[PDB]
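Quick heads-up: it's one chain on its own, the form solved without the ligand, in structure tokens.
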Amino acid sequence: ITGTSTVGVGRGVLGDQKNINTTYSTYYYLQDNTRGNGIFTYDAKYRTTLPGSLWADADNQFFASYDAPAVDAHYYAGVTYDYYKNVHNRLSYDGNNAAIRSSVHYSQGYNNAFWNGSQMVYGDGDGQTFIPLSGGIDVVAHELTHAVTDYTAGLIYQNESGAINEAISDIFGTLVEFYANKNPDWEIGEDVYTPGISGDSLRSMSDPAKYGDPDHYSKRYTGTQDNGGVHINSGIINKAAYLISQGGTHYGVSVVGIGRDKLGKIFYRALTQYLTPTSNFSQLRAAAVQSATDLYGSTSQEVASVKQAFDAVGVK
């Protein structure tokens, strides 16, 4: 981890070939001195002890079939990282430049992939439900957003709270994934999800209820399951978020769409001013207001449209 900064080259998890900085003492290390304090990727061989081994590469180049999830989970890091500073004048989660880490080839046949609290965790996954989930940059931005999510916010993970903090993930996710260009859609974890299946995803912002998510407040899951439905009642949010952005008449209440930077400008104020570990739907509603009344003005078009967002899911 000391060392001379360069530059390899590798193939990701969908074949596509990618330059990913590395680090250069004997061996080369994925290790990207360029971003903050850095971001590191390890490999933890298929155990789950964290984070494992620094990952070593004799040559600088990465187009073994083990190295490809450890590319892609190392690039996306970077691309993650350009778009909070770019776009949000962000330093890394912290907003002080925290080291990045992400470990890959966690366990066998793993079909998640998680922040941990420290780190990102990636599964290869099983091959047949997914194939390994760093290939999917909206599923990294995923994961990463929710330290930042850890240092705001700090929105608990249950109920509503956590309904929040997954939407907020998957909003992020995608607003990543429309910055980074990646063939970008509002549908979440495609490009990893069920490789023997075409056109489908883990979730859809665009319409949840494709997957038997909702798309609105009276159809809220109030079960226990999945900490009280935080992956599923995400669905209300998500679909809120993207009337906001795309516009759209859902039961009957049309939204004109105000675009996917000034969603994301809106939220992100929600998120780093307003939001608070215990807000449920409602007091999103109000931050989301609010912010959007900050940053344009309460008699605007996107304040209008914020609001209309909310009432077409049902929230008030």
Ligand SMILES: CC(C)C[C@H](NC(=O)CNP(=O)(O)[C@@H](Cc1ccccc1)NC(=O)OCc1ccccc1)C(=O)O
The other form holds:
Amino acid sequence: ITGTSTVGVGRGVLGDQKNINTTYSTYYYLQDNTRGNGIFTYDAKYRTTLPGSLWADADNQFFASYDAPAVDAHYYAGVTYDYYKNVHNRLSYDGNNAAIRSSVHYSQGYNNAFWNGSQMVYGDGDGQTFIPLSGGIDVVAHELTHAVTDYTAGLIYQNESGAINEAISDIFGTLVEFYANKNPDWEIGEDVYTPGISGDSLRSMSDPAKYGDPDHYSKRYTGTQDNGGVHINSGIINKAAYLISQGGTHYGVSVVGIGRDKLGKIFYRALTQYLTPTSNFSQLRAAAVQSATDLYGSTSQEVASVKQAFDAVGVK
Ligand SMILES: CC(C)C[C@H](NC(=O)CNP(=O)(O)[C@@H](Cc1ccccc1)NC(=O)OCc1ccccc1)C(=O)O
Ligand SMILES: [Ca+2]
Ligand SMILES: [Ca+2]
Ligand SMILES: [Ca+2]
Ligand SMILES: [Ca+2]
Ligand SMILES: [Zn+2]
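Please give the other form, namely the form solved in complex with the ligand, since only the form solved without the ligand has been shown so far.
Following is the full complex, with the preceding chain placed first.
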């Protein structure tokens, strides 16, 4: 909408107060004009018709329980925009400052979030498996990263290319969580998963097998559920990325860690310059090796560590 840029204040899903960029024109709207061509947050009103209505508020204060998922979807989209711009010199998901759209209060008891080809969408959860999913910065960044992937490598959402698509979203979801630097970890979804159980998460990148996911190519899922295991076999790539950053010895293979920033540079370059829609795990290894070669040189520790990490997870 046309209006003037304003700054509201509210509380997110976990009860934390934050400022949010809004736009005033009769109402205060969840429209942040400070980033690209805007970040826009919508109310889906428990329905499945998208996007719903651009979020409108009478007083620019967002402290109602109903407001909390919108506050966080809006704010964390801004953090993720900042990560891509400041760290990778990428302007929004298309590289040309496309407007970023999110809807919250999607459906009833909806235990998930997604990128539908055009926008981000967040359920409220059923209060047992999840609380509103925009409360997790790694979830929000997972979603915006799907948009980045779709606009760049275009990884098809099945089998190995789809597991790479998933892992890329978990990797950059985690790197954004570290960028914001509030309780960062290598776990996925911990801030919104199972409010009645402490210390768990939906996936682990450091130990995928903790939640049943493979940590070696020899344990990959080969069936048809989950689009050929895209949320399962992502564990193999997530583990490789964790090892590149943090190091470790895994199935007897030692990896010298190179840190999160270099992991992010290598995988961002692989995603945007080398991967294609049908890339498989072996092709991801080659893309990561080449990306590290471009950035650090063929004889570098960074290249050697990429090779060690893929060796450790059985990907040649
Ligand atoms: C369009 C969709 C209806 C279909 C499909 N997306 C999905 O299936 C899930 N959306 P998502 O991948 O963005 C991630 C969001 C997320 C939630 C919590 C923590 C972190 C991220 N959900 C996710 O990881 O859940 C686990 C799981 C889902 C399905 C089967 C098995 C496990 C699509 O993107 O095409
Ligand atoms: Ca209000
Ligand atoms: Ca965390
Ligand atoms: Ca996390
Ligand atoms: Ca929990
Ligand atoms: Zn995903």
